[PDB]
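What follows is one chain in structure tokens, specifically the form solved without the ligand.
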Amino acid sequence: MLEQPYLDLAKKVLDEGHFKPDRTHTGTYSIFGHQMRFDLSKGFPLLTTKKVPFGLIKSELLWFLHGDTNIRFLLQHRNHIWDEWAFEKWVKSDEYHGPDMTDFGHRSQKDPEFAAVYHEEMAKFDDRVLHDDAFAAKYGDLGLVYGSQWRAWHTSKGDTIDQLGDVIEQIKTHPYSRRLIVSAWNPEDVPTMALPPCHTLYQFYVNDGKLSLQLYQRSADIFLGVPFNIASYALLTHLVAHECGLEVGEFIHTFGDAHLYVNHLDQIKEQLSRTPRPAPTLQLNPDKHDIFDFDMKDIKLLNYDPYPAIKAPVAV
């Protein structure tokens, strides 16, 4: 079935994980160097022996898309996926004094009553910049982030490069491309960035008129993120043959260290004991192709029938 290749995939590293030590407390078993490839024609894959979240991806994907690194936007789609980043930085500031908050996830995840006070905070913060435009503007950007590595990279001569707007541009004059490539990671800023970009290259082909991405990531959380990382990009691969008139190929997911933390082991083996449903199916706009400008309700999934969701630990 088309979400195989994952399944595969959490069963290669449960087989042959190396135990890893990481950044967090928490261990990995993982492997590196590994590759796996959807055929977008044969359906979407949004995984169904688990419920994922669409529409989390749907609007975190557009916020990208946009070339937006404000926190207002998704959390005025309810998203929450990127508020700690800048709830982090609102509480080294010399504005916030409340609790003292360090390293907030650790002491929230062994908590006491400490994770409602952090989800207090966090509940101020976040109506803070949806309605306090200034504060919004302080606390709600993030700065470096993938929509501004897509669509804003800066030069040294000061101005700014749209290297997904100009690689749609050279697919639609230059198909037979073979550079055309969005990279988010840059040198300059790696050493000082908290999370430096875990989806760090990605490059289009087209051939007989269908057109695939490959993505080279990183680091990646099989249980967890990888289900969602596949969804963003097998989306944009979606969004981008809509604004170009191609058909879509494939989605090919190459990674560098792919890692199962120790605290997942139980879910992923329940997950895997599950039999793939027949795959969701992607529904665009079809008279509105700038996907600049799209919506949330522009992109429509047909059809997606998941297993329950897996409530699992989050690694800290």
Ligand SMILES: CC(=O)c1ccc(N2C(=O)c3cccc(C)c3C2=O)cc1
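Numbering follows the first chain given and starts at 1. If you superpose the two forms and keep the largest set of C-alpha atoms that fall within 1.5 Å, you have the rigid core. Compared with the form solved in complex with the ligand:
Superposed on the rigid core, the two forms differ between these two forms by 2 Å or more at the C-alpha of one listed residue only; from 271, 254, 26, 70 that residue is 26.
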Contents of the next structure:
2 protein chains.
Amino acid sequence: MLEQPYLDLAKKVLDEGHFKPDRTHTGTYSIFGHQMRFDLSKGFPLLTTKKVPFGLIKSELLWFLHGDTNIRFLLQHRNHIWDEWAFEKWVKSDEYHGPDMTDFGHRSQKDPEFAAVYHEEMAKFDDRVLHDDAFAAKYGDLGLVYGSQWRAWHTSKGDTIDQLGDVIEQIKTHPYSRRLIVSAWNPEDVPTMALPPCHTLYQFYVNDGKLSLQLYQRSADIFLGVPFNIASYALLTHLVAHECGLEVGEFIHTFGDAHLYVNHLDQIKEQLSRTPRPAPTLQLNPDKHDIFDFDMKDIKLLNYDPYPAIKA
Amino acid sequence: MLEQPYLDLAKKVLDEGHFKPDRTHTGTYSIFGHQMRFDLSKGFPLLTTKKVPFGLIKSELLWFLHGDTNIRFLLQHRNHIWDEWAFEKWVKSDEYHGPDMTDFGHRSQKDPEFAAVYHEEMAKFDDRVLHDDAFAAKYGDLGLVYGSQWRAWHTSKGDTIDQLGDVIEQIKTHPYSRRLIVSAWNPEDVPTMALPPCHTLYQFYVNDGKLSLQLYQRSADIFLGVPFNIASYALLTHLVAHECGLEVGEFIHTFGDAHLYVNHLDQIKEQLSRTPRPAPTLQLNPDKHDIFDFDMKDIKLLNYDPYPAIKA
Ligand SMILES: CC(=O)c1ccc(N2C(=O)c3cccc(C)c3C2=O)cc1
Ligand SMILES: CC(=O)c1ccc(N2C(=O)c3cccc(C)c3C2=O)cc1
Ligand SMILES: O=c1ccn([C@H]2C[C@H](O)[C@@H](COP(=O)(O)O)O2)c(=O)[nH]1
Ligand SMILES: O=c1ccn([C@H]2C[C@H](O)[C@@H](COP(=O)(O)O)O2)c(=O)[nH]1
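Switch from the form solved without the ligand, shown above, to the form solved in complex with the ligand and output its structure.
Okay, now the whole complex, with that chain kicking things off.
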């Protein structure tokens, strides 16, 4: 079944993973160099063994695809997955006057009443970002995240390049190019930036009218992140194929360090109990073609029948 | 045996490769997403099934490692593998006054007497680069090749960064970092530069005192280039491990497009006849540690017992 490589990766880290220390709990179990392949003609690789929220994946991807780095767009779609890094820039600031949190998130799991103050402050931040243009410009903007690296890469001349747009024009004109690459890794930013990109780079490839995509991901939370990551890049591959008038080929997912956190171990073990179901199918607006102006409604997922989410 | 993944890749492209057109003969047979793993504790993965010239690999790597882009250093080691791209910038120039070649190399294989004129002009160029400081500065310098991307990456402030040096300091201080990445792909240069890098990016990883390295290579000539490529990055991995006082782990070689040229087919087929021999062993200067000042003599290869070279 389509999603088995994901479950093999989880199991392989369980059986053959190497322990290492770090932060956010005791440490990790990891392997280096693993690869997962998904034949996108067999269905869409959204995990059936655990519910993965496709609406949050769709809206995050469309956000990148607009070259947008402001969480306001994501808030307008009820998508809060980028909030904390924005919240963090505001909390750590001089403009902020509420109950202090030197390290929320860590402390948010401990207290059942600091989690009360935090979730209110965060709710307030979310609202000011939604309705106050200047506050949003200042704190809603994450700066160097995927929308900018993909579509507005900052040059030495103080100019800006649309890598993804240029690659898509090349797919249409030079489909057999071996240079169809988008990188998110900028040696100039990477040593000071808040979040050096995990989704380091990707490459397209065309054969027999089918579009494939390989992602090199330097670092991967196998439990929390990888199931979202697989669905974002599979969707990316479908959308680019649609624009270019091609079929879909393979999505190949290649890792540097893929890891399980030492406290996510029983969660992934229970998921290994479950038996994949047949895969959903994706439907794209058949009469719209520029994916940089696609909206939520232009993307549909059919027949998705997941096991429950594992709140971990 | 250590080199079997190389031979499996060759065979897989023979059996399951997809034809595509291009240039420099009729076209290619290719696959996308293949991976090769080499356990460097089992020996050094220089191919035994075809002689690969380790001196040219050593000197090219030391050249990158000095951050040098001038072919003069390579000429001083009798290494001509970068010559033609330098020669090309001089031939295409206004300063040049000899018998013209709008497209040598292509025409060099045809004629058995234009190949005579070319090899003389090239011999002259080589000599002027060796002995004329100003000519060398102007034409010996390839500009944006690996030595500059690895060790002198050009920033927006008109400054320069030593990616590889900084990564090596991080391996020593933060060995479990998942950010040990060197990239050679610069979205600003890549659309005009002469040679967008094939060796797109690489990443280190440490576990149990062993250093591994994964290379993402966007495009690969399986017959001509890959056997040199495997030995450069394996050697790179050994040298970095030596500096840092670690053992060697795995070298993982990951491809975008790996291809066979439609006219190299019988050459690779004959190589598939041959039976790997036990692998050579590498010896490094046991009392020297900064690899950025290693020289030819500090690296030794023991017990290398190859089948003959296949002049193709
Ligand atoms: C600093 C760090 O380790 C870290 C960096 C990025 C994320 N991170 C996101 O921003 C993000 C957005 C949307 C989905 C997912 C699954 C993630 C995610 O995992 C999470 C942790
Ligand atoms: C333009 C192109 O296709 C092309 C780009 C780079 C190389 N190329 C080199 O510069 C080079 C230097 C040293 C060894 C090898 C095996 C290679 C190589 O294959 C060869 C061809
Ligand atoms: O899109 C993402 C972003 C992050 N991660 C996880 C993997 C790592 O646990 C962590 C990255 O932290 P560093 O490796 O950068 O230290 O986030 C993902 O799976 N997908
Ligand atoms: O270090 C190198 C450099 C090049 N190649 C081969 C692979 C491709 O045939 C060609 C690159 O041409 P493009 O893919 O950039 O068009 O060079 C290698 O194997 N190793």
